[PDB]
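Undergrad: So the chains spell out like this:
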Amino acid sequence: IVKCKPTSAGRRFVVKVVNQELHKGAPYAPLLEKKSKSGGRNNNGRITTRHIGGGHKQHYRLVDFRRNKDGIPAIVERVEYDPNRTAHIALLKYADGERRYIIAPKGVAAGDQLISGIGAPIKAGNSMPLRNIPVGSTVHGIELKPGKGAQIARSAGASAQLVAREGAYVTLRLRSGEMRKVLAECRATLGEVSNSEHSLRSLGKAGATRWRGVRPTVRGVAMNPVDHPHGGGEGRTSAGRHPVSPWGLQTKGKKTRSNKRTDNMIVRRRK
Amino acid sequence: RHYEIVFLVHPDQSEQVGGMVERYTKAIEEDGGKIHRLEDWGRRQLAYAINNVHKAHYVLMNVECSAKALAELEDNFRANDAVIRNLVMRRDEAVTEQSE
Amino acid sequence: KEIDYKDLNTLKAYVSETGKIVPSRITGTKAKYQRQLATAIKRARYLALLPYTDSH
Amino acid sequence: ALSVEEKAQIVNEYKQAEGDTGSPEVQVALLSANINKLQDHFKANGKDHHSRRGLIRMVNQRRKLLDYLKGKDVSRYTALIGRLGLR
Amino acid sequence: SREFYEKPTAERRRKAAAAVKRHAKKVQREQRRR
Amino acid sequence: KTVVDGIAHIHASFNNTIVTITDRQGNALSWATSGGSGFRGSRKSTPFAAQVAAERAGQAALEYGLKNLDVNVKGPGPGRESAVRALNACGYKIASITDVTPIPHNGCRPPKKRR
RNA sequence: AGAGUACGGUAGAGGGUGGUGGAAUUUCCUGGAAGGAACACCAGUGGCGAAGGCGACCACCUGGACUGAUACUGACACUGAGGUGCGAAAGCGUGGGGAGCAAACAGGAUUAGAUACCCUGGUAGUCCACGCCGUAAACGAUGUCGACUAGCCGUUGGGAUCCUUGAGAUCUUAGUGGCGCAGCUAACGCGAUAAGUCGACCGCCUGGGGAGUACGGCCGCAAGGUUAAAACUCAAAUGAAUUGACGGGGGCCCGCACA
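Protein chains in written order, with PDB author numbering: chain C, 3 to 273; chain f, 2 to 101; chain r, 19 to 74; chain o, 2 to 88; chain u, 34 to 67; chain k, 14 to 128.
Heads up, some of the hints might be wrong.
Said to hold, decoys possible - Chain k is nowhere near these chain r residues, computed Cβ spacing over 10 Å in every case:
1) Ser42
2) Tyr51
3) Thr57
4) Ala58
5) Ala62
Unchecked claim - FRET-style restraints, in silico, Cβ to Cβ:
6) u:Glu36 with C:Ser204: 47 to 55 Å
7) k:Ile20 with u:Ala57: 44 to 52 Å
8) C:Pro148 with r:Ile39: 55 to 63 Å
9) k:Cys121 with f:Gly43: 37 to 45 Å
10) f:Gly43 with u:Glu36: 39 to 47 Å
11) r:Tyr70 with k:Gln38: 20 to 28 Å
12) C:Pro245 with k:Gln38: 55 to 63 Å
13) f:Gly20 with C:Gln22: 41 to 49 Å
14) o:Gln62 with C:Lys18: 46 to 54 Å
15) r:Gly46 with k:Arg127: 36 to 44 Å
16) u:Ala57 with f:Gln14: 57 to 65 Å
17) f:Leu88 with r:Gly46: 26 to 34 Å
18) r:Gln54 with f:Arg2: 20 to 28 Å
Unchecked claim - Facing chain r, from chain f, some residues (calculated, C-beta under 8 Å):
19) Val7
20) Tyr59
21) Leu88
Simulated from the structure, these hints should not be mistaken for laboratory data. The beta carbon of each residue, even a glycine, is placed where N, CA and C say it ideally should be.
Starting from the given sequences, assemble the full structure and let the hints guide the process.
TA: In structure tokens, the structure reads:
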């Protein structure tokens, strides 16, 4: 965390997060692949998510969310920057060549770690089935179907706390604040994700948004009646509607979950 | 220096105190430590609930290394084994015997 | 001589029936060691020789 | 304090009719050795100013013992300022 | 008993009023016999 | 259901009375309060209420017996020693008290010294 | 001789880091699971630190004095404007936590009214890391230091004397207290820890308001703090003490005052 001096009117509010033990260039080439941008656009060519476009060219890193090698110890080579996410990634070298990327946990640099059916818990970074993880311990990178890979708690500094256990399932409080029953056959990694000071950085200037591939938001009271329901009016009007999307869905409080096929898996909502 | 050992066992675990002790007795003799007492307590009853059971057994030894046989003396049983709520309580001289 | 918590029936003569320790105003022991007894009391209390509550 | 091996070690060059432990070869340079080795605990304990107020109490008294050697003996003062890694 | 909590400035209004009485009991009894 | 042994709570705080009668393992058989016999208000900060609040669970623990009980004590205020001598009048031969008064070491600080 | 060090020995909430705890209470749920915070007793007209300050248990890296003497230094001294660090908590920073209470409030009962004490509820906060403020009923409302002038009773740490079994006297000191002469004091009262007799030095005061306030300087993100005036205005404000009166001040007593 550094705070830039105001030598120009754009650096006045740039709070920058710089890690000096991140690796200095040349990511691990046999484990990257090509990734082109969508612009938020369908296979019908239609903008289906707005405010997406531009940015920097990026390569996709084949980060392992499954952590399948069991019993084979992996040493950590280096922690790298990943353009595709807000977390860091750690290059692991298994005991038989076999480089892979995982999501880096907090406190890793050249440490040892092994995902298995019964690995050491003290080391944060060991992937493990949710049956034999001790209750009360903070985990991240939780699978949600066995074999599917990690899906939950994998942003920067994200974690979930394993709170209870019964039957074939296991209950864990999520970072969202909601209690979620998850199957105990599926894996999780002990610890907490690495780049937890990511919420401190300030972008500073409008260009810093534009090179993350994010594109400006016209707010709907600035549009015409044909463009948005927040219509027009003379002067600054205030959306005489109730506040609503550009497609007419109400936005300030209205619930939009309608899944029903996974409601029993959610033991308590965001409270 | 003079370093007074007390560590706990679970009462279903005490079949291998004869294996628990002998690793510490060679954890000390790698560093020239003189043992001046080696005690096995009475199988006494408990005054409070520790790991929600109603029986235990106590162990007493006396380490006289300098420094190196402490951090493993902790972390064999502090991290993961059947020992709970101890105190390491170093001394200044040697003693002979207790438990009658 | 050098008091400790290995001699139980000496300290148990000062251990209250309700689990507590006695002051110097109740029973006569030295105020020199009244600051040293209570520390050795809570090593027998920590090594489960004496209770914390008077129930169990 | 200082180490039991060390506090009896460092006197072995401060001797000067060896029964002296009182001349300012001793209360400078035992005490200079007190300065140089007890820097350690500050890096771990930086929230306790009780231990470096003793440092400034005797590094002044070292300088007070330097102050008397300014006039009484300038020649043996060179054994202090030239040595020990001062200034 | 512990319905209320006492301010730690009033803590020397409870004990320091009482710790004199511990000593003043010695005062009254030694002035009792004479 | 025919049992003969159990334990017995008495809540004895300043304002109200709460009586709680269980078995020796912890299943409640009978209970009554100082707002139990129809008071609801200004009077019953008394041991006369605990005289009455004992016997509404003293002729209700005579549903499943309890020839012997085990008195557990709880609370600072009145009705402390004027309620467990009402149960024994109701055909009981209760033996001796047992005390767990709520005592922290320092604990959470209450509403402080009000004036 | 003052002042310092080489040698242990304890005493000691010195202070900080990391853990290990317990009961309540609190929050859930079918007695367990979960985490915050201060740690009943030991508690002391006790210790410790220049001061501010500081108590469960446990190690770990570390202070200064005391004392028992034995060694050596040869006034190296104390005090000190400026100068320089370091100083309770509400704070507001810059990041987190999360129980109870509770600053902020909503009503509940209450009064001409609550905007109050009482009643039902809760974010900032205390906690942590670095950093800033540098405030005080920082009070023992008594600057630091040394010397000396009747005592007596507890109590703290050493040590030696002691018929000695200590149930312990005496002595010796360095602290912490009670009471009292000499002594001072306006009196209250201090009274070898002076508020005496003195000595060195330092900070501070010059009637009450205006006022620790304006203005200027410095520091702070802000709230503000620190240094600090006159213009005007009043012949008094203040200190301890005594008589009377008063008191929703206590304590006894009297009377159909209470039946």
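Undergrad: When the hints from earlier in the document are held up against this structure, which numbers fail?
TA: Structure breaks no hint.
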